[PDB]
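The primary structure of each chain is shown beneath.
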Amino acid sequence: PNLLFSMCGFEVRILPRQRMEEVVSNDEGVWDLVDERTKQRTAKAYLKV
Amino acid sequence: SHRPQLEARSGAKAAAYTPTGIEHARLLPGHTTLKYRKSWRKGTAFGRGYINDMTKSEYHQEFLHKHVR
Amino acid sequence: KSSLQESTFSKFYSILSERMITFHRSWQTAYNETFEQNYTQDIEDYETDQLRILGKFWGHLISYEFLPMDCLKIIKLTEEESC
Amino acid sequence: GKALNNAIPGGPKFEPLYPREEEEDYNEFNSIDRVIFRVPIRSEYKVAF
Amino acid sequence: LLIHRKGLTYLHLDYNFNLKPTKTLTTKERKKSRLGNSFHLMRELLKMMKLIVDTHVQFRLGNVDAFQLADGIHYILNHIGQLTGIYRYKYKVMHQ
Amino acid sequence: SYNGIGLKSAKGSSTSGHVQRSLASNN
Amino acid sequence: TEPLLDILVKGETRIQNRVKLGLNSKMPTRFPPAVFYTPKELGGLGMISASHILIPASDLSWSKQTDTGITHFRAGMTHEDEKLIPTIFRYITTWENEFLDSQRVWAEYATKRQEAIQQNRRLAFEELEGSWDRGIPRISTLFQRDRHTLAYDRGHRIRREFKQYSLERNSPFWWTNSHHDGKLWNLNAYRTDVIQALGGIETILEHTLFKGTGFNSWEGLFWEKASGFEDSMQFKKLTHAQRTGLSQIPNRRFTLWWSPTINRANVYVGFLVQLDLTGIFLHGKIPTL
RNA sequence: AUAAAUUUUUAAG
RNA sequence: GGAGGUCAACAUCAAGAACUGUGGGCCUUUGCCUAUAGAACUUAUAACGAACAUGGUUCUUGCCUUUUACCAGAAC
RNA sequence: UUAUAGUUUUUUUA
Ligand SMILES: [Mg+2]
Ligand SMILES: [Mg+2]
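Residue numbers (UniProt numbering), protein chains in the order written: chain P, 1256 to 1304; chain E, 4 to 41, 126 to 135, 155 to 175; chain L, 331 to 413; chain Z, 339 to 387; chain Y, 581 to 676; chain F, 2 to 28; chain G, 1353 to 1641.
Take these hints with a grain of salt, some might be off.
Quick list of in silico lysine to any residue cross-link-like pairs, SDA-like style, CA-CA up to 25 Å [unchecked claim]:
| no. | chain 1 | residue 1 | chain 2 | residue 2 |
| --- | --- | --- | --- | --- |
| 1 | G | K1435 | F | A11 |
| 2 | Y | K586 | Y | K670 |
| 3 | G | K1637 | G | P1602 |
| 4 | P | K1294 | G | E1450 |
| 5 | G | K1416 | G | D1358 |
| 6 | F | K12 | Z | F375 |
| 7 | G | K1535 | G | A1462 |
| 8 | E | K172 | E | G155 |
| 9 | Y | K611 | G | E1450 |
| 10 | Y | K672 | Y | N658 |
| 11 | Z | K340 | F | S14 |
| 12 | G | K1535 | G | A1503 |
| 13 | L | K341 | P | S1280 |
| 14 | G | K1515 | G | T1501 |
| 15 | G | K1416 | Z | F375 |
| 16 | L | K331 | G | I1547 |
| 17 | F | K12 | Z | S381 |
| 18 | G | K1378 | F | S14 |
| 19 | Y | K672 | F | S15 |
| 20 | L | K341 | G | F1425 |
| 21 | Y | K627 | Y | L581 |
| 22 | Z | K340 | F | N27 |
| 23 | L | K386 | L | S332 |
| 24 | Y | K630 | Y | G642 |
| 25 | L | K386 | G | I1488 |
| 26 | Y | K672 | G | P1602 |
| 27 | Y | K586 | Y | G616 |
| 28 | G | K1577 | G | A1462 |
| 29 | Z | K351 | Z | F387 |
| 30 | P | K1303 | G | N1376 |
| 31 | G | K1637 | Y | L588 |
| 32 | G | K1392 | G | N1376 |
| 33 | G | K1378 | Y | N658 |
Anything over 10 Å on all C-beta distances counts as not near chain P; from chain L, calculated [as the list claims (entries may be wrong)]:
| no. | residue |
| --- | --- |
| 34 | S337 |
| 35 | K341 |
| 36 | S344 |
| 37 | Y361 |
| 38 | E366 |
| 39 | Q367 |
| 40 | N368 |
Just so you know, these hints were derived from the structure itself, not from any lab.
Idealized CB from N, CA, C, for every residue including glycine.
All chains should be modelled from the sequences, with the hints used to inform the complete structure.
Here it is as structure tokens:
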């Protein structure tokens, strides 16, 4: 399910909210990708250092 | 006045001396007994041992290709 | 109120609320009250910034059901009385 | 208690005695897909049997 | 006797076995005068004996009372982490 | 009930070692 | 990330450790967090301590698999009396937001630019004011002085990096041109919270000698600066011994300005010596004081 | 439905 | 002759679950087998002490300017 | 500038 990468110092994971299938409010280590047109949060992105 | 030594102190110069009597540490009896033995993909421009030495080595050149960087 | 010192919304205070509710309900009641407080009485004392912290900030308890949703209804749309 | 590096809750704490536990293969035996959590396994089990 | 036999007459042991220089020291007379991790450790050791057996010396005179005796030498054995400073020389004793 | 939460010891990691149950997350 | 916070706790403890043995002791009781965290004004080092927190510890075994979620905290650093300390990351806005705020702010300024054009007027600086520090380019820049000069700077980042190669010393903020970027954070509120959260100015000074200079009035005190004297002592001719030993004064004013903690009589262990002809007892040898 | 708590100093260059 | 001693000297106390002497048979003294007598003290949640310290070498750490002095584990 | 000051890498801002 995941996609990974790392840039600058960051280790980013990306979960499309589809395949999360169990959803929650998370603390601030979560960026939420927003569809340009429709404006939803369709994937949560996580960080690490 | 730094001189490279040319020599070493003969044990004899020591040997004549009288003893001391100081007792050091490591001489306290230990081990006191011995032991004995018994399609698209075409677009881009390209159409299809141990070497006894050091700074020419494979490892070392890896290493310094990491760390000093 | 600390949330409103803070110059923008932050996920921090939302996860703080939530993990406070799901510990016990007495906090649940305490919240819905405070929503009464702020919305009804105490909106009058806030500048059009801090609404940027609030509106989301209840947005996140209300989407995820900790509020729960229908407690909204107490809020009204009228030119009659709305600030 | 020591030699397994545990602490009985009221217990004296000691030193690892077998310090490096970090070496490990990525190895399927004890994994999660294959294990069922029913009862926690508190320590005092591990010090009792 | 040990001291005056090293030719240091300007160090003074008082009767509680503090070591104090009585004449501010010419540097050479410091170097010749550093003393030993032993001899310091053992100075302290004696200090402790004299301290307890002092408290007795008092009690025998009748000056305290057998209860304040007991408390006293109790307090000693606990607060030797103050009254002496043996922990400068062998620091191991800082388990005790 | 040191269960495997915690540290091997605080010798080098400079904390006090104290570990307490977390009231927050249960459900 | 566990180990990073782990490195914080370690490292900071190691620095306080430095200042500590900078005199002679590690004892925790001498060094209550006031000592290290009061702003320089009151006479403390003012180091910004974000160590403390509480550090999620849970049961590493599975956390090599699931992300089991926090079940426990490990107390990061300590105290003797606790209080707390505010720690930086609470005073720093997270990225997500500021990019959001940026987005909207610059939208508003899109409009207001269109108006003040169409009306042929010149800006209110109020219409801009509420947004003054919001926005990632930080609107202030638009109206900073030198703009029609700095239009001809280009590619400033890279240069700000290959400075890595072109010079000796650190420059730990490369990633911003404070000229191009605005200024992406302010703090001071920190100072305030550390000041009071230590128990208020009135307690903090109960550590010092400030009732020994006979001032009954506090806030009227600016200290004084010995920093200026730096040029006129000498320039070269100090032998090395005088450069270092002539560098060990500005410590020995500090460790006096907190004397009566640093020397104190609940000290854990030490052999008491009164000084020579005075009436002061010192617990243990501390040479500086 | 929690009872999980590291330290601590002297000499010499 | 008995009782004692804040008396001495000399033996013995960590092992095949373990000591010693002796008779007899075999090999060639050791050693194996058989028979016989005697075994204080100390041992099975194992030991002379229902107590509790220090030192040396060797590795692993921890403080971290360097050495004494050290932090806490292991083996000898 | 004082109760000093050779080794104790001598010296930087938010
Ligand atoms: Mg020298
Ligand atoms: Mg040397």
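Check your understanding: Which of the numbered hints above does this structure break?
Key -> Structure breaks hints 6, 9, 22, 26, 28, 30, 35 and 36.
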